[PDB]
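Single chain ahead, by itself, as structure tokens, in the form deposited without this ligand.
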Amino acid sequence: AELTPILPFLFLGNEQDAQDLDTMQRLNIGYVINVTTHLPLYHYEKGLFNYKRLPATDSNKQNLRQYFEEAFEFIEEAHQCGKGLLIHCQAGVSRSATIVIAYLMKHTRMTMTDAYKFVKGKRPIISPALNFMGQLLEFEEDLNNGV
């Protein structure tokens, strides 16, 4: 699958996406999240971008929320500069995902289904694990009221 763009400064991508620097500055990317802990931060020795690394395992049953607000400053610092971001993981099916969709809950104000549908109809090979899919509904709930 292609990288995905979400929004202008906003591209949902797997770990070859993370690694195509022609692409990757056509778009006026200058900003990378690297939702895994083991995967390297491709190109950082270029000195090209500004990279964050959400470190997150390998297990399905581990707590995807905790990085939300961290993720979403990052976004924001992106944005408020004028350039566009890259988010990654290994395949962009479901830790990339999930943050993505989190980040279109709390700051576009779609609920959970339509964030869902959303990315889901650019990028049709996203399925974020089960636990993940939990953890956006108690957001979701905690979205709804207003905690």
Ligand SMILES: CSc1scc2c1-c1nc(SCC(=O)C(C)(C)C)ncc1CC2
Contents of the next structure:
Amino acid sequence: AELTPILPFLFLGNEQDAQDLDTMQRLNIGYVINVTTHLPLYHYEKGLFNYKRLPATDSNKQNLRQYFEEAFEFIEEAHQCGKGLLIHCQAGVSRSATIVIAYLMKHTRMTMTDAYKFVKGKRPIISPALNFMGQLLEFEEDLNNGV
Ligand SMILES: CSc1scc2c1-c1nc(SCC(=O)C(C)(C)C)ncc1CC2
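What does the same protein look like in the form solved in complex with this ligand, given that the last one was the form deposited without this ligand?
Every component of the complex follows; first up is the chain already shown.
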């Protein structure tokens, strides 16, 4: 089990990490973002967390930018209510790390590169995806130009 803490209230993991109900509970997690389409929402039957599925695939054509602000609003719900969010996808953490970096660019004032470094220092293995890097570049331009 390896639930990396990015911020005190924001956690990053893969499929295997999201199946530990005992560690999720120890970290005061009450929100879960599942950035896959086929995986189950783990522990939905226990009525312990609030969930959100961003239905995405690890494809070169997948748009994750459409989901950014739907996520940012679910993250800020947790930030305010005093609970933790787990954004998880699959082994490479390509999709979930993309959203994590995006939030750190809009709500922390970081640049894309500083965000990537911040996140790689805590979870050292984030496998690459050129499709998502391009979307972050566009997002960085949109924020500096007030959009
Ligand atoms: C937006 S990434 C970025 S910004 C500056 C650099 C990089 C980078 N990223 C990656 S892996 C991509 C990731 O982590 C996901 C996109 C899947 C979240 N390999 C190499 C580099 C070179 C240096």
